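Everything on this sheet refers to the single structure shown next.
The complex is shown incomplete by one protein chain, all other protein chains being positioned as in the whole.
Going in written order, the chains are labelled A, B and C, and every chain counts its residues from 1.
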Amino acid sequence: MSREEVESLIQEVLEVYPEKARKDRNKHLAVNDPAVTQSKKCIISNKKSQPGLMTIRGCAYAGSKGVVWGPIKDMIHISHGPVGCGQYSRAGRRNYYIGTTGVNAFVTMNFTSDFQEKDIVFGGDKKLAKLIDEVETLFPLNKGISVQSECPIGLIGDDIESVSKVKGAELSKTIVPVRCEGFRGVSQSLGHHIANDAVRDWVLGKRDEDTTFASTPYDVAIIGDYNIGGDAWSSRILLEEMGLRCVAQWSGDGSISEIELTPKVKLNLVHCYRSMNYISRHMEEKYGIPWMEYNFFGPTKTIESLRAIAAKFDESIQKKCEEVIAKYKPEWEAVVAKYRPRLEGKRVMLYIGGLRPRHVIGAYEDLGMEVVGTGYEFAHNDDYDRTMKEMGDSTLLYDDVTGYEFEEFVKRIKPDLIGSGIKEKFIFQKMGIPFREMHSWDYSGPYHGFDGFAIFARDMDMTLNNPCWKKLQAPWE
Amino acid sequence: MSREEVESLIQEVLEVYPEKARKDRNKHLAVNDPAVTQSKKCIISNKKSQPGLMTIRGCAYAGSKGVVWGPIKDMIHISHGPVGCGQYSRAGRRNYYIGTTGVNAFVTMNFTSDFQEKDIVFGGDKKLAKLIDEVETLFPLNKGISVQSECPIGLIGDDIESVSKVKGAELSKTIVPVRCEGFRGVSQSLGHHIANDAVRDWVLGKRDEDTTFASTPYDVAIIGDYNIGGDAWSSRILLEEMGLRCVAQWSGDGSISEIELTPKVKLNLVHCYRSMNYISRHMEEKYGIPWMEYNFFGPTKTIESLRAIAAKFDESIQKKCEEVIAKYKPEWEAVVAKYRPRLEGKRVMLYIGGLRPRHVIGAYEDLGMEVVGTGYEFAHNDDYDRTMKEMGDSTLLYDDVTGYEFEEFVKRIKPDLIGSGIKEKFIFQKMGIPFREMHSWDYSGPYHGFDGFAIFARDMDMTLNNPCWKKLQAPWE
Amino acid sequence: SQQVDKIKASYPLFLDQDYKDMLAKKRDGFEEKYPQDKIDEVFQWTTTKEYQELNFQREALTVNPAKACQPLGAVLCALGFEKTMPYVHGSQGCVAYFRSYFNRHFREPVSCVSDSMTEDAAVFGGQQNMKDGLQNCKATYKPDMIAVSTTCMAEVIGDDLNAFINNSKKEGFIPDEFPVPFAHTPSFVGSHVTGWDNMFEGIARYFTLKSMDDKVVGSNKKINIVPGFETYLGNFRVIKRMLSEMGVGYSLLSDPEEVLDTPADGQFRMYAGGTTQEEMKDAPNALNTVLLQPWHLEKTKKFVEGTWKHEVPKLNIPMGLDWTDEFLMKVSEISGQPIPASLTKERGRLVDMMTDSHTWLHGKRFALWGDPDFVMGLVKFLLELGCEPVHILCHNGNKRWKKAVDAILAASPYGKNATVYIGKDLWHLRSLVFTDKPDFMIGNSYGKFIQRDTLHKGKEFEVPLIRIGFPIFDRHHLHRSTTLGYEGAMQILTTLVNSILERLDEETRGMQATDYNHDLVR
Partner (left out) sequence: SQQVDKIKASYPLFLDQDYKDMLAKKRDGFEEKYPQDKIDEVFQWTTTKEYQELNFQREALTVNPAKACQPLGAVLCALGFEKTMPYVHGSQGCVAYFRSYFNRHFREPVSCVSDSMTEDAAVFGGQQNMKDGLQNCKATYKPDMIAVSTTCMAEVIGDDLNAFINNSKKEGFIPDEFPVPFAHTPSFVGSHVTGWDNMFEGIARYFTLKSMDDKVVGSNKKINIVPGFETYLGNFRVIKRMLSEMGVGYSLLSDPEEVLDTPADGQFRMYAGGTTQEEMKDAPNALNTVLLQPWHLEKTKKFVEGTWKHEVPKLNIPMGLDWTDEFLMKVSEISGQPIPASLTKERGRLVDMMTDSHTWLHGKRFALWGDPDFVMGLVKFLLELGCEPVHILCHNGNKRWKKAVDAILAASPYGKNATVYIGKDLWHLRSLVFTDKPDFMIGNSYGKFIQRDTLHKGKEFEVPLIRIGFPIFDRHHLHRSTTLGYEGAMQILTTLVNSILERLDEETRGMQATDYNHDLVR
């Protein structure tokens, strides 16, 4: 509110930085004007972080192994390198799946080459081949192997592509080498791009000549939904209620056969544009499959997306969509009637990764809650182009915010609720401000769809209005 | 050995008492002489305790409600009076049973009249009748009710016999009034006697005119085994393997129908003479049923008892007895070979209620383990007559020993292990002497029979040779 | 049969096929057991609301009570004084039961004596028993003080404790200077906490009633602390520690903390620590007296206000966050000492843990029982955490306490679905948790059977038990815990949140069925 004070706050916050750091950071903070369609004139993104400023961004390995390849349940993913990277990323992301872990599913397990000094000095391609043999011996029901490279693999002269080719020819198994070394790029976005390229080059085209799959005019594939807390499932039950058939979902609860069957669908429904736009566009160019973005956060966005998707098919699909909307109307109406009075008028600040900082605005507004500030760790300029129209006037936008910047912004704006990751949760809890984890749903959820909206509203109500926030000050002080 | 210093120790322990207390307590301590079969001239028992000397004895309510009537699973036992007595005795004794608690079994439950001031002043007969009405309403599958009197019932002049008669006639239900007030007698022994008299007067003769029960020449009834940790089951399996049919079990895991069928058996096998000799003699006089005492503590006593019992029947029973002994010989021989080298030579001091201080001696001697001191809370002089020949020469015998007396005796004798109740366990553990609970088997067992002997030996070894007993002295002290 | 390398105790020895066949033969032959279908039908009926309506119509029958009799509390109070022997005038079976109860809960020696009254005393009274017992106890166990309570037998007979002790003193059975306080503790009135109150009032009246001429309020610059019936050593320890941090001179009366936690170093100690007679005599010189558990210390409050002329503060039990703050500020006001920074940091850490666990704690439904002060403090703490108390049971509660608890519940939106029950036993609570199922129970060990019953209806109907209170018999060393102050609140919150997480982990351990929610991070 009152744009000039927001600019004054930005200047006051930037006053502490050195000249180079302040010049760089001035470009990544902006005041929203909804009429602006080109975000390059106000905010800059997808650049390197300033050293020593305590950024929140991850690495390309997190973007590829932790986000894209990890949810694939029937595949075994080898963290090629030292032990740390696979260990810190093991089961940290709630990409839900159905399977028997250790036999035919391996999502929550940590496979690594566990590099030692001799591996660094002399390379680890022979170790990689021996590891692949051991994996084949001890996990016979796996349907594929991916090799996710960590930093030393890129640094030393290792050639994992030739090893993957030789071993895949020898054992007749799909082995996908991913060069997702953490020093590449500036964030997880390059990891997304590298993982998409690997999927395109090694997995997607296996069934190009296969025509044994029976296709229907209602074949769609969910792209960029990773089943956080079951989110994708909560989406799927709606799409099948509309009369459509979901052949595949990428990549939460996903199987390699689903990915290989994806080029046979009629329509691609992309939830996370940021992480899967590469493969969606490639599929459009090569197979002629149209793709479209949708939003299932909140009843309004869900209804709009359902109608837009139904508009792509015949009359029966549209009638079924209307039936689904009518069936689910009373439930979310009751949820709103129960929870909006306790949440109306509250102000929220968000700082999340590439998609959610703009996707969940509608759900908050459905509860009578208003977003004062939003930002991204690693989004590109098109994400901000969408965000500027999705956000309100004179609100704050921040790209790759530092801990000091975010703390100062929160201290001045004083929001009622903050949605961010685990690395700000306790910082802002000690400040006396309710916090919701917007990556893992605070180990709750799902939040997608009509079923997820009730859980979302309940969680926001339970955290915002908890009595604990009234007891931070001692009565004698 | 060394009787002289034992008498010197007795005098030294006694010198601190007042004159009357010392004169009384001198009669209850003795030095064993195995040639003596008349223990009256050597020890005095079954007398009231000296006031203010911290005795271990209980009351008649504990002897009747807690010991005899309580194990009967299909009956409901009302602790008539104030709330304390049944609450302290609820599920404190491990008389095991099979049933659905609260529906057809009620052992671990506490039923009480919860006397208030108005009940004390104006009596509780009408309250007792209303309680019986409510018990019938809320527990329809109960097969009988007993009313165990507490001290104010006997003190205020409540006539529970008339109420029991009227309500039993009205409901066609067995209601047994037991005048087991705690001020009667000097210990639990009078509780045993009163409970046996109640069983005789109200329960035993109910099927005297009924002859529908098919009888066999091999019918026996276990009397005085309360299934402490499954002891009675481990005895019954041996009895059934030998070829006898066990009709009744008094009273652990017992049912009122079994008690009613008891006068139809051919032999009574009495384990606890102290608590059940009254009913055994009554059954022998009225129905002509012979009874015999047996011991299933340790392999030697078990084999002797099995042979003696088989001697009461035909040749097939004796053949089956030999078969059972031969079958079970290797198991207890292996137990002996495993545990006797770890326990040989250790000296034990015992103090239990009325049967076990002399019954468990054989099992201890089976492991090369010597009993140097034994005593009873409430035994009679016949129990001491039986005990005199089972103890070693110049061993200490104590009746109704005080806490100070037992502490001084243990301090001087310094036994390697003590077997007593919960009220001495921690006292002697803090002095650094291993302790075994010989009432509840330290929540272990069973100890009866061949199966129980292994558990007994394992428990003695695990407590005697525990490393914790070598750490009581700090290295710097 | 037994294998010498793997010896089986009763469980699972009696699950062997031979024992199973033996038990089946026994039941089929001589038990005359009801058919299993009838048993299942009766159990299902007992789980219904009609059975609950019949159950709550009880007037004469008590099933599984949640209280004890007065002399148990009297003995617990007597154990809190230095070199003091608890002496119960009456029957010895009561003393045996008291000692067994306290031994099982504390896993420690408990010393108490009886004068062993019999039918002869039922006819002529127990004056001779009193004289002989006092002489014998003093000669044998050498106490500095003998604190006398009564059993129901002596109360019904009508023995005069004062006259008996005076006649013992006059005839030379005990010295005239030997302190023998006494209290009448009838078992048909109140409960164990009432006995604690009566014994403490008797001791205080013995030591202070006739020496008030030279007493000036506030002379010794201390504050008296009366804890009441207390079975957690950590509570005594935390009260003393908090008062020491504030730099406040204090005198804790009836401190049994030392004698219930003696070390195992090779010697037995009958007596250890405890409030001295000098402290009891100097108590009227204190600035004020604070009662930690006011709802069972009413007679003590009346004596302290009417004789010591102390203005006893209106303070709740220092449990949870708000009431601990109120206790701290009241103590600061009385003593004049400011609250130190360390206690403020401890409170902040408690608030931090509350913020950390609020998401898992929110909305959970609880059925709790215990003593009045502990129950109301626990309800207050649950309301502070956003939890929902549903069934609040207090067998030894009264109507004024119920009104106070209802007032507490009305002040919180989370107390909307809560009902307070006084005079009800654990069978009532079993009906309540079958008909209105909560998420958890909080109570003593007796609740375990209830859990069993719930599990018999189904895994989806099972109500897990959380062991907080007295007595706890099936777990070891829980009596060392703390429930008062910020430390007690921390321990209680940790126990609750980890019980919730353990239940969640158990329900999501089914592979390929429910393990999709078996998250590493919670």
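The criterion applied here is as follows: a residue touches a chain if its C-beta (ideal position, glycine included) is under 8 Å from a C-beta of that chain, and two chains touch if they have at least 3 such contacts.
Note that the undisplayed chain, when the full complex is considered, contacts A, B, C. Among A:195, A:272, A:335 or A:397, the one in contact with the hidden chain is A:335.
Listed residues C:247, C:263, C:336 or C:338: the one in touch with the omitted chain is C:263.
Among C:49, C:142, C:309 or C:522, the one in contact with the hidden chain is C:522.
Residues of subunit B in touch with the missing chain: 90-92, 94, 96-101, 108, 230, 426, 429-430, 440, 442-444, 459, 462-463, 466-469, 471-472, 474-477. Contact residues of subunit C toward the unshown chain are 10-12, 14-15, 104, 107, 261-265, 344-349, 351-353, 355-357, 360, 445-446, 448-449, 451-453, 455-456, 473-478, 480, 490, 493-494, 497-498, 501, 504-505, 507-511, 514-522. Within the complete assembly, residues 16-18, 20-21, 48-62, 74, 78, 81-90, 92, 96, 98, 100-104, 108-117, 119-120, 127-128, 130-131, 134-135, 137-138, 140-141, 143, 150-152, 154-156, 182-186, 229-230, 233, 236-237, 240, 245-248, 255, 257-258, 261, 331, 334-335, 338, 402-404, 407, 422-423, 425-432, 444-446, 450-451, 454-455, 458, 472-474 of subunit A touch the chain that is not shown.
Criterion: only the chains that are shown with their structure count from here on.
Annotation: 31 Å between the Cα-based centres of subunit B and subunit C. Centre to centre, using the average C-alpha position, subunit A and subunit C are separated by 53 Å.
Separating the centre of subunit A from that of subunit B, both taken as means of CA atoms, is a distance of 70 Å.
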